[PDB]
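To begin, one chain is listed below as structure tokens, in the form deposited in one PDB entry.
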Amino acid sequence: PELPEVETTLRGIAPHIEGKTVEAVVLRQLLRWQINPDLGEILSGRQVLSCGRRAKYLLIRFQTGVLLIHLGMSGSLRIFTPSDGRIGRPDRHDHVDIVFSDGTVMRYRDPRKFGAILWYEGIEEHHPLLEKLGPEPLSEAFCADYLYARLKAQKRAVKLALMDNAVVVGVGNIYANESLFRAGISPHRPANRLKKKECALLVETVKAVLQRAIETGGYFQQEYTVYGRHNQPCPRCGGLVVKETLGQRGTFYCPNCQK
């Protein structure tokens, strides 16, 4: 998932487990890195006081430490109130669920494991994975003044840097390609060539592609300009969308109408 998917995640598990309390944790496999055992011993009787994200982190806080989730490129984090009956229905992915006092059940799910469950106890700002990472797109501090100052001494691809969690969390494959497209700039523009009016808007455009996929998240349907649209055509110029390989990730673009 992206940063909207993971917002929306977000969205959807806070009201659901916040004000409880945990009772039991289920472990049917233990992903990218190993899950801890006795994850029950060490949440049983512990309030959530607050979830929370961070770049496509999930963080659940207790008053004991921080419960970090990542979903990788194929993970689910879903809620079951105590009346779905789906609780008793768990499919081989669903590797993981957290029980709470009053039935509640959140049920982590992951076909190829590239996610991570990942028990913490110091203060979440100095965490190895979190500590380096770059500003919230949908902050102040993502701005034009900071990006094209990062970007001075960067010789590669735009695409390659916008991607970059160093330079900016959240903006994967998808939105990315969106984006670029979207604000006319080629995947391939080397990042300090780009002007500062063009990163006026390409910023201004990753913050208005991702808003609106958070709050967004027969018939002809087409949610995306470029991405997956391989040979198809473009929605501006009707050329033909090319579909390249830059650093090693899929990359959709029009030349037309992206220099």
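Numbering follows the first chain given and starts at 1. First, how it differs from the form deposited in another entry.
- The rigid-part assignment of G170 coincides with that of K207 in the two-part motion between the two forms, each C-alpha going to the superposition fitting it better.
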Second form
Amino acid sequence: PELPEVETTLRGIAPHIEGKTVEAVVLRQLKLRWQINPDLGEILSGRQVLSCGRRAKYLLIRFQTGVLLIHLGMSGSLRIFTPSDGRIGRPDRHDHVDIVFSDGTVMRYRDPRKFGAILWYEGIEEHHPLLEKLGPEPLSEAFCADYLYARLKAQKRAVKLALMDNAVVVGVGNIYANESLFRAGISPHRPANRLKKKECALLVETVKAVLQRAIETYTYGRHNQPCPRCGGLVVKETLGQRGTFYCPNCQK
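And the form deposited in another entry, for comparison with the form deposited in one PDB entry?
Chain alone follows, minus partners and molecules.
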């Protein structure tokens, strides 16, 4: 799951649980990628979920005594059973966590590869070990032109290495990085320092647009095919330990 997948998971889960009271927590597994607190039932039972949100690939269920972090990893997913619909199908070898509310809603966590994580954190999200070294979120006004200009003035690896760095900004993997760097016309190999504000603005805007469309659920893998704007031979290179596609006639 990439960032937009987790965002649509959040938007599909938030209404059905926000404001509800946890009646019980059935644990069918205690070891994922990290150990699950073996006594989540008493911890969550009776305490209303105050809000729900996301940061990078981590879903956050904020209560009044802490926060529950859920990482779906490589194969993880969540599903909501409303009591007014159907029947709750019997669990699986891969349905590890149930959260039963007093409304009847049930939240089931499924991870056939046992790679996700369910962590309970009493403290400040700003200082979580898995969360502190993260940059600002795209889709947020903390991702401005001035932030990027101040963040690229120090290091100047190629633009793709900095864009795919979770410390610079979260959630832009290979696909979105390539697509956003073409649509901006800034080139993957440009020195990060040698851009300027007038292109950092348009690049953060194009990143936001690429991601925003990526969540409403293509210009990459197009080497040796003419470019939609220039028309150029767009090339494919392996630098950055990941595939790269760009138009050498546009992007500088």
